[PDB]
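In the block that follows, a single chain appears as structure tokens, in the form solved without its partner chain.
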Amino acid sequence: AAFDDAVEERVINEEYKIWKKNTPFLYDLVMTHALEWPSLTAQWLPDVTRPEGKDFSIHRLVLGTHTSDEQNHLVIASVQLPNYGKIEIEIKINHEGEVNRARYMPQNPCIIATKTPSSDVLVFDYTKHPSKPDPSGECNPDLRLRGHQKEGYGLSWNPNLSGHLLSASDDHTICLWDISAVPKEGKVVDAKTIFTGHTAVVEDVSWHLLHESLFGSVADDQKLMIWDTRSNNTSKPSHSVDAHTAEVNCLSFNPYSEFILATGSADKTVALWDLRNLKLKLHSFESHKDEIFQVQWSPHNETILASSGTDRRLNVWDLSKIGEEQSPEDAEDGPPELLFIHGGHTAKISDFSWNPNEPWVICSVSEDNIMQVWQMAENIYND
């Protein structure tokens, strides 16, 4: 008498019908693609090819596989975008276990770090591997980063210190590696520093974008922690905030507002934070119906951020609309700061990435192996 509620599902399919029927009015772009396997991870590479006098540009994504066999890959996919275009797998690299998360290094986007079900973080240089995977089934990472006892998801490259990499784990710790001086030839590298302030699964970690010594972490202990690598005490952060009424799954620093960040939580809210006074939450974004797992600021607009999670929705928020007036009927669809609800996915969303070269384009991937590349209608973000 327990699977009957899981058989709705019927509600999902009905809402999907309605959504597809309305995409002409809500979107300027909708591309849907069933991947061979679900990807737990998605990140646009920063580069973009705009071929000679053609009406499209070529973009690329770091993706992964999630299969229960022994043929998992780190994937690089290409995406033709116009200036309701195809999607091609360019490279597959043998990967040990499913790819929990894959992130390119800002100072050299050929370098990809991945999180694996074994506690290791693997580093690949995808230019050093063939386009077709090794039929031996063997995984040959360019670096093997040691230090965790359990898998995790949080992964962050320092954008101001080349090769300084943070990782968050279910073992309650945060590992910092510095691979800057290490030749990427398959060596094992031990963690330079291990931060132990959290008392529960650490869900996410993220470097500040301007201050090279500052980073933040969020964990199942409901805390946001702000760390400073200049501190000698690796068991106690600079700041600790009781951030949510449940697990905190993600955080993201505003790339235009150096004091501002956001966290997403199993309490179904996105919280807004000001580093200058972390005692006081600036705002709580409240319309997700289930646990939030990913939050990301717009790369192009300082007031714009997006959140996704297990309610299969991707919410786009506009903090400049906080406090706005709305007609009582318009006030039913949600708060004024809720700019858009993406309802294209029919399963839990695992990751999404704002395209850094085409404003308002987003790639989101879900558990049913669907990948969507989409852009809300221009009239929605111009009112």
The other form holds:
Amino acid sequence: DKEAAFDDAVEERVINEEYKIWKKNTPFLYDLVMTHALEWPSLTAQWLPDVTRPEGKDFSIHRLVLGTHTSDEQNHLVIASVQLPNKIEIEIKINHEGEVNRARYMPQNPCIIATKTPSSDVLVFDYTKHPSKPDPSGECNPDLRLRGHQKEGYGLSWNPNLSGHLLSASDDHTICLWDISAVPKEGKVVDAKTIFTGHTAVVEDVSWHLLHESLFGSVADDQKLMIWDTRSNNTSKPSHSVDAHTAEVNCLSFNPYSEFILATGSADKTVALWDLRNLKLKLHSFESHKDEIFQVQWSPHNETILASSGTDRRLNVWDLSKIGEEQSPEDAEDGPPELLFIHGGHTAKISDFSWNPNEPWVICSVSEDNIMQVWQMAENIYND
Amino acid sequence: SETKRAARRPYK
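I've shown you the form solved without its partner chain. Could you give me the structure of the form deposited with its partner chain bound?
Once more the chain from above appears, this time first in line as the rest of the complex follows.
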């Protein structure tokens, strides 16, 4: 009624007050905080692995794969440059049909970037083969088009041990696999090598294991986590299937230092911790988030550190080494002991984030309002 | 120290 609008107004106040108190506390909570309004909101964020370090400078140049979300206008695949100590610029804009749901670089050659669109084709771009400045026609000339899905989705994951092997999750209940290793010179469209059909609802994410080249995991709106092996001759049924959450599962992340461990994040407002050797039993539930979680990512530097983000506008950082520690009921009120940090700088749903791989503790998070933040919590919070 | 606490209370 006019009650819906009283609620909206109260809620604006709430967000605004929260952002005021956050802003006053920044000098105590961060070693670094940069905020940039992008031209459009980005649904995706990934640091590229390279870092250039010009002579005589007190800063290094890092890079970010980003995207746009615009209804009416021309969308772009984007690469931005960030300066960090020992400011922000766009460097390439590539025409993209529709918004960029996810964009991810191939480890074995990070010029190569795969995207997910609102259409069913999964696109591959080589950004060294497009002009810095996009043709005004607005035509999307991707280097490959990968076929197999019937709908859009998010999950996208390159195999870091088998060059060119890409996995994708879709709203069509399907995971697709491609091998773009070796692609005939007259060939631009590539068909799926395998399609996995074990889910019975929207498949939200997929990821390759980091050491075992055949292994990968998936999560879906059927509330299941599925562990799959590509060596198997049955693609309708995973090696393992667990009932992970009490609502949709949106994300997963394998721990890069602990080969049996992974985390999942869900609309049930939790992150779950898992051990592949025994999937019946969830190891742990990380609770603190107030609404649906969309992204989960392990720290690339510390085996016990994990972070998650989503709809409640927060990005939480966790440390599993503190699970079980006792606490005064005063500390207990703020959250459990494994919650290290609540990033409170965004005033909209967080869509994606990425841990910087060359600068420990630096994270890039992006929200629906068009804000990009590059930040780093204060050292004394994770050390002594 | 209570620098920990502030970290878990960004909105206070």
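Only residues modelled in both forms are compared. Rigid core here is just the name for the largest C-alpha set that superposes within 1.5 Å across the two forms. Positions refer to the first chain, counted from 1.
Novice: Following superposition of the rigid core, which of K184, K281, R144, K236 is the only residue with a C-alpha displacement of 2 Å or more between these two forms?
Specialist: Meeting the 2 Å or more criterion is only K184.
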